[PDB]
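Following this message is one structure expressed as structure tokens.
Every protein chain except one is present and positioned as in the full complex.
Chain nomenclature is as follows: A and B, assigned in order of appearance, with residue numbering initiated at 1 for each chain independently.
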Amino acid sequence: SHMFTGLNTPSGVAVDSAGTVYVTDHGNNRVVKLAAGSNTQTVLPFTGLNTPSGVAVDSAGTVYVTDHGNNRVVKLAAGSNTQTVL
Amino acid sequence: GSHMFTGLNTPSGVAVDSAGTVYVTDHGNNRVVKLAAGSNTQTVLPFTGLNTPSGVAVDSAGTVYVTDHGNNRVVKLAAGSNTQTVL
Partner (left out) sequence: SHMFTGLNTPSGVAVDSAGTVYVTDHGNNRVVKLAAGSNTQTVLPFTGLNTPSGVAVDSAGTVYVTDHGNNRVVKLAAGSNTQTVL
């Protein structure tokens, strides 16, 4: 399908219960998702990322990211636009 | 003895499904390997053209997703399929 766009050295991938795929776009300091059937990726409203290294999603839809370049972990609840720093 | 991963080079990621099958991105060897309960030899999954894969996920249907880091892309492979899809 080839619809993710503009990735550089992507570092991790997670897939949630709805089949949405999440990718840490390491080389571009962002996290992108692609819903099942979608032809347009969405950049998640994480903020201040630096070379993110990995991602997980739990069964409640919360997305967790290791923000490698900032020595921290951040998370984003499903339907939230505002990250929590862990 | 067997039921061991062999030949791994700078492995980058791991995923496990509820059947207990372990999936590993063998970064240095441009390949993805898995090992199921009761299998004494690992399987190299038939992805194509990988370079330095960085991470892996597996969904409920057993489809394997890989960040093909060296090629700036994500690919997936359904269980038992030999033809990957680029995402």
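Keep this in mind: contacts are C-beta pairs under 8 Å (C-beta built on N, C-alpha and C of every residue); 3 or more make two chains touch, one makes a residue touch a chain.
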item	value
Option touching the unshown chain, where B:15, B:45, B:74 or B:77 are the choices	B:15
Touch list for chain B against the chain that is not drawn	4-5, 8-18, 20, 22, 24-25, 27, 35, 55
Hidden partner chain, residues of chain A it touches	12, 53-59, 62, 64-69, 71-73, 85-86
